[PDB]
Structures are given as C-alpha cells and as structure tokens.
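Enquirer: Given the sequences, and given the hints that come with them, work out the whole structure.
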Amino acid sequence: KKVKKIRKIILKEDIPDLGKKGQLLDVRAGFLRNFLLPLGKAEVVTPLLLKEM
Amino acid sequence: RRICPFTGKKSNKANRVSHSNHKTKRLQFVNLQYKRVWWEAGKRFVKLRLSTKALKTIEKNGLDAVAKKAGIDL
RNA sequence: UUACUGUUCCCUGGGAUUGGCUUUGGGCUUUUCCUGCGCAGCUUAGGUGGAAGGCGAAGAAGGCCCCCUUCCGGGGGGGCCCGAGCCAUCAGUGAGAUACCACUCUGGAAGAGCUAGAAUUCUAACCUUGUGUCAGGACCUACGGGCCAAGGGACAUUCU
RNA sequence: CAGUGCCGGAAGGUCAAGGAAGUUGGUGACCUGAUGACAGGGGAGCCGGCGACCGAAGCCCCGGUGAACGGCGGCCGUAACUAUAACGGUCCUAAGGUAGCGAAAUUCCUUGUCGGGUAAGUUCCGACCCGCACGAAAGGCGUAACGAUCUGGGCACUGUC
RNA sequence: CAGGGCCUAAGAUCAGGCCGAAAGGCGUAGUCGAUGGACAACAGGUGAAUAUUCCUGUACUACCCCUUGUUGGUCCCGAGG
RNA sequence: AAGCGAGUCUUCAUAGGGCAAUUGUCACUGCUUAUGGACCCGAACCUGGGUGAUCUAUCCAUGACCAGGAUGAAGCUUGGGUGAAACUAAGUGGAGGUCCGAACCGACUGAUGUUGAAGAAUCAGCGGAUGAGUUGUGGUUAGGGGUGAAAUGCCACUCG
RNA sequence: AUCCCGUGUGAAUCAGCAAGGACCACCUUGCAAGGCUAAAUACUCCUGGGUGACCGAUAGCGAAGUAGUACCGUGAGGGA
RNA sequence: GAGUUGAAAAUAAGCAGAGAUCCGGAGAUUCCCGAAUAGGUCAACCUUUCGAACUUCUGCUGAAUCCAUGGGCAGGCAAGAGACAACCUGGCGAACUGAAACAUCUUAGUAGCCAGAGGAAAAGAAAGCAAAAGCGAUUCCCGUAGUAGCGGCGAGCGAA
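Chains as they are written, first to last, in full-length UniProt numbering: chain A, 43 to 95; chain B, 72 to 145.
It is worth saying that the hints were derived from the structure and are not from the lab.
Here a beta-carbon is modelled for each residue, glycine too, at the ideal position from N, C-alpha and C.
Pairs of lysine-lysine, DSS-like flavour, derived with a Cα cap of 25 Å:
#1 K127(B) <-> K43(A)
#2 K106(B) <-> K47(A)
#3 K80(B) <-> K44(A)
#4 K118(B) <-> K131(B)
#5 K114(B) <-> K131(B)
#6 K131(B) <-> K83(A)
#7 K80(B) <-> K47(A)
The following residues of chain A were derived to be distant from chain B, with all beta-carbon distances above 10 Å:
#8 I48
#9 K54
#10 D56
#11 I57
#12 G61
#13 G64
#14 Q65
#15 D68
#16 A84
#17 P89
#18 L90
#19 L91
#20 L92
#21 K93
#22 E94
So the derived label-pair ranges between C-beta atoms look like this:
#23 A85(B) <-> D56(A): 46 to 54 Å
#24 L90(A) <-> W109(B): 20 to 28 Å
#25 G142(B) <-> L92(A): 30 to 38 Å
#26 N86(B) <-> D56(A): 52 to 60 Å
#27 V45(A) <-> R87(B): 28 to 36 Å
Expert: Structure below.
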C-alpha cells in the first residue's frame, strides 16, 4: 500500500556500495539510522550546510 | 507504563463495534517499541522505548530537541 | 449443543519497527533493427508528413559464395572481388519513390526505470546466549551495566 | 473412514482488508440561443461513487486415520418323516456384529421352559435360547487372594418367635 | 529454665531492576520469620498466695582487673565442620 | 413544502370534497395522569469493592508419635548333586501399602437420643493400626476464584 | 459537519489556513497546533448569630448517663 | 475583680489586693505507637555507635575507550511524603432495571474504587456564534423548548 521515505544523504567515508564520499544517493530510511549515522558513515542533507559548504 | 517518554501517546479507549453493533471494550494501545538510538552527543547508543511517531519525529527534528521537550536523558 | 449474537486463545494477509547486495520473471518506460503477394505496373505499392537531391572513397552498381526468414516469388545480411553508378514529377496508382528524414503504427526482440513476486544471501537495529570479561569503598556463579563472544537474522517479537 | 474429528495434501473454484488501469458524478473561469421565467454544455483544480485485474489462510476438493466421535440391516424360499434351514434371491448402506457371554447390576411380555435345592421357593445355582434393546480398551470372557459389599443354602447357638 | 540481644528453612518483605489505567504485579543482594541449630545450675530448705528465681552449699558461662612473655591486630576473605 | 390567505389543499375546473370562516387569562383548592424509591411489607438473585484456609481441601518447612504379640521372603551359610549351573532340607536374616490388637485416626450395624446431656452424641459392637498413616507449630492457594484419590464435595456451623 | 484519540502516509502560512452541519465555488467571521488568570457557582464533618404551624424519651443523631459502648463475628462488619 | 486547687463531699495543706480562681493574644514543654522516620516490629515494643528513603546544595568522582559521563561516596541543609463531611477534576467503570421478553438503546458514564487539589475546583480570552442584520473571554439562573432533532424513528434521550 505505502512506501516509506527515501532520504537524501551526503557521505563521510567511502561506501563499498554506491560512492566514494561524494555522491548523494538517497539511501533509505532504514539504512541512514543504523549503518550511516551510528558509524558516522554519512551526513544528512541539511539545507544549511549545502549553501555554505 | 506504556507511555512514550517523548510524547504522551497513551493507549486509546475504544470499543470494538461488531456487526450486530455489540460494543465490547478493547483497550487499544500504541506501538511504542524497544530500540536503542545512537545519541550522537555521547557518540553512544541509549536504549529507549519509543512510540514510532516519536521515532519519526526525532529523525525529522533531530534527537536532542525531542529530549528537552520531554526532559529525559540521563 | 451442529440455538442467536459476540469475546479471548490460536492461524493467515496488509502497514509500522524494516536494511546491503546481485540475479529470475509479471505489469508501465525509454532510447536500439526486419514486418506488407486489392488489380491497371519499371512490381510482394506500408499509412501519414518535410520532400529536388541523397548515397559514396570513414570506398556503390555488378558477379563468387556464407547465413537467417520464407507464401522456393523473393527478402534481410557477413566476407572477398569490383571501381564511377543505384537515381524524381518522369505514366500507371484512392495514397511515392529503394534518393533521403522524424519516427510510426502492422508486431517482435534487448541493455535502461516504479512497485511488487521469488530466490537464495551478509551484516548495523531485533530475539537469544555467555562459567567469558572489569571495576567504583566490597562481589555480583546474588538478577542486572558497559565490553567484546557465539548462535539467529530482517524472519521472528511487539502495535494497528 | 460413508457422516464428523485429526493429519497430510491444496492442482482447480469461492475467497477480506488493501493495492489499482479506467470510468462516472458534483462544483466550476469563461460560452451559446430564445416572448415571458433561466437553463445547457463545459478548461483546470478540488471533492466524491463504481470499479477490470491482483489479494493469504479457510472452505469446497483429494488421500491416511477407530484402544479418534461413533455404527454394525430386513423381506422371501427351499434338507433325505413332518419340522427347524447347512444353502440360496432381493432393496440397503460404509458395512452389516467376529470371538466369547447370554432371560445376565442388561429380557419387556416374565412367577419364560427344564434340572437341582425346599414339605412348598415369583428369590437362588446349572442350562436352553425368539439378546423387546449383550459384545470386544464408554473393553469381552475367566480368575487365586481381599470386601464393616450385594446375594442363596448350611451346622452351632439362642426370647427373634 | 523459655524467648529476645545469635543463626537460618517454608514463607514474607524486597533498595536498586523489569513490567503495568492508578493501586500494584514479577524479581536479586539485603531484612525479618522458628516449630529447628549455637549457648551456662543442681540438691535441701522457706512460706496465705513465688520459687532450677529467695536462703544455705557446691557448680558453670561471658567481660574486665592483676603477672610473665610474643609485639603483631580485628574484619572482609578461602577452607574444615 | 414553497406558498396563498377568509380561505387553502386535492384538480381541467367553484366543479365535488376535507379542514377552516376564532378566542380568553392568572391564582388558590380538589380529581387524575407523567417522572421520581411513588400506597406499605416481602424475594430468589445481579454487579463493583473489600475481609476471609484457627474449621476444612491439597501442598511446603520443621518437629513429635505409633503398646504388645505372630508370621516369616529375598539374600547369606551349611548335607548335595553339572568344565557350568539349574533345585532339595536346615540355620541365620529380617522384608511386607503382611497378620491379631491398645494409644491414635475414622466411620459400618443396632439401640438410646430427637422441645437431646450433645446444632450428628452416649452405649454395645466395628475398620486401619510403619503406612497411599497421624499429629503439633509456622506458612501457601480465593469468589465465576482456590482445592479436590471426583461427591459439585470443602472453602471458618453459610455454598450449583 | 465541527471535537478529541490508536495505526500509516503526512500540507500552507497571509497574491495563506480553519469554520459557516458531506462537498464545491463566492461572501462573512476567526485565525490553530504555548501558558496563566478573580467574581457570579456547587458543598458541609463543622464555628458564630438568628429562626422554626420541627421532635421531645420505642420521636429526634444509631447515641438526652463510661454510644460505636455492652454484646456478636476469626475478619470485614453488625449493633442495642 | 474576688475568693479559689476540673464532675460529685470531705480529705490535706496551700495561693491570693505586695491581683489568687478566671477570661484573652502570643509563647514554651508536648513520654510511646501512628506518614513514623536510628534498625527490626506481633502498633503504643526490643536492639541501638542517637541518627530515614526522595528532591536540593557542596565536595570523591566506577565501567568501559585515564575521555566525557550517570551510578557510589561522604558532609549538607529541611521541602514531598500522611488526614478529610460533602462539593470538584482525572483514570477505570458495572448491574439489577425501562423497553411489559432481549442481545442496538436505557439505568449511565450513574454507583463504586483508585489519583490529586482547593476553599472553591474545572472553563476561559475567540482559527467563536451568527447571518446581509449584529455580537463579542469564561461560569451560573430564567427562557426559548419537552420545541428543532435523535431513536430496534421502539423505550426514551433532547440542544442551541
């Protein structure tokens, strides 16, 4: 019935799957929370950091 | 209690209407749930008990805001 | 009680907690190529448009042969040989030149995308375990905290 | 193993929420004709309804399963005197009571017939059998021992008489 | 002599911990809980009502006081029992 | 109903019909109705909250008790027989939900009792009596619940 | 319709948003998801003042003297 | 402003105008149980180094990564913990009953139980009501209205 968020991110260290610290692949919500944010292996796309870095 | 630390989401008092319109009582309660969110400010996990709505909310709004709006940590 | 209406236990499907792949194939996509014997005929007339020059040495007509389709009428097509042409109102035909173009519908194939379906899969949250580990003035083989273990694995558990 | 239960199948059919191609309806900028009185069709968008197809278990369906729930049939004929039928024909179900026991804590009619016991016993024991309606783990049949058990006849003993 | 000042069984209450409309439920170390384990008194007198309690005689246990020494402690602890 | 209005609805219509074409009010006192326990007395019952295992029903801990006699198993040992036993007698041995029987526990027959001496006794008999036994002190289990060698019995003379 | 809640998706903010009894337009009102605030108001185990077409000894409080007493029940509780 | 040492009479000595008895405002003491509070506990008791646990404040500062922490340790101060007649708010929330039975409904969100607080509480300053006219935070009484409406369109409930 329903799909869940597919949330943009930006990286902090190379991904063995999608990109080497540059790409913006909208990973998944069930993925940013554990591997990406626990392991500090990603940063969420804040509109604040974008236009200042 | 079955009360979300981060929102007063209680169970719901709701009668389950049947097809003959026979109303039982059927207390109806939130899917607050055992997880362990990674509190960045300590680089470390904390084990919480979270109404999923509140889980979505921390993510949208960050964690520490939710924290002070309920005053929970440590 | 196999009377009526329901509740609970239990079983299943949808959503939430819920994630990595990399494939198989169902339904939409989007770019890559054949497809055609109403009859008057240069003769297996594809409809609809731009429509007077395209196509050539980043190398054709022609014949020597390979393959595939087939109504054995012929069609697409690799190789080599060849080396100065196959071409348009030139007339037929409801509709035009195999000069050429956008595609395209007649349908058919594939790498490209959505959401599923299925399959195995690993690891981050989940369940479970641990005489193991260290301690706080003492232990915690007094439940339990952190820590790494080892199984399990997005299934189960819970919530609707 | 017919019905039900349970188990294993689940190929096909019915199969809910839900998902969903379309389709439909309202509202509606601007549009259009008439005596008098007002409609109609209608961009967008916003709200509705119905919905092809998809949607698991379940049930239908298919097999195993009775120390799982339970059930175990009638009518009509013939044999060597007459009879009773060893044996046959018919509708039937899923099949038609096996072994043992039997008028039985189960037989109504019924103090059933017969034998023993008694002077005389509707009680009692042993048999026969038309078991109204016994019967195999709601077990069948029988058992030595045991019973403040129910039941019949004894000897001794007595105011029970 | 009996109990408490010692110990713990069944059980109870349980800090913290977990769970739950509220009360409260489950639960660990602890704390209580003896009907049990440790621990030291007998005879004879007296007398209206008490006596293994008062009296006489002889005993026993615990803590001090005195002497000589060793200087080495008591706890938490690991063991026998 | 819009509406019209001494009329209006029904209809082609007066037609024809239906209803209209007018009335007080306030209070006190009675009657009666309505809601309230509603004239008084009387149920078995239902639901919520709490108190109950000193009776009794299982269990747990920890103690205590069971006169007196009888029988006599298995084992073990001797007169023995079989490369090896298999069994016969003796003796020791002391078993048994064994035997007879007091305390103890409980209830079967009979009489007394039935305004009892006693809300189930007394008397004469009666069963068990080392066991699936009794009993003492502390505890455990609860009202659609507890416990139950199962009667729906017991849960403090009260229990479908 | 408004009004608060469980599950999941999950807007805009003033050339906006909500209400005006589905919904859509136009108009009118009010502008959410933060908080506080006196009075008029219901009450009596009580205190003070007053009143009674209220009782006056099985009535009035159950209680006109050691009345929640004696007594009864293990207990809650009953109760002269 | 005089006589007095509570009820009833002595009793024994007292006290008082160098204010007794007495009546007021403020004080002081207030053994033991009881929130009960030093620890246990069968309440008004025992053992006690004399004194809870929760906040708060000041200091020591476990665990892993001496990080940062929280937890623990201590010296602090002294504030919360109990009580309530009825009224109130919140959570949970029945049933007998009425419907001449009864499952929707009604008794009713009443009773009761738990949790707070006040002398009152709750509500409250407009994303309100209205209706081409106006209002202006809440809360109560009257009245609209037993009307509109809801309703096995039944019993009945009943606004603004």
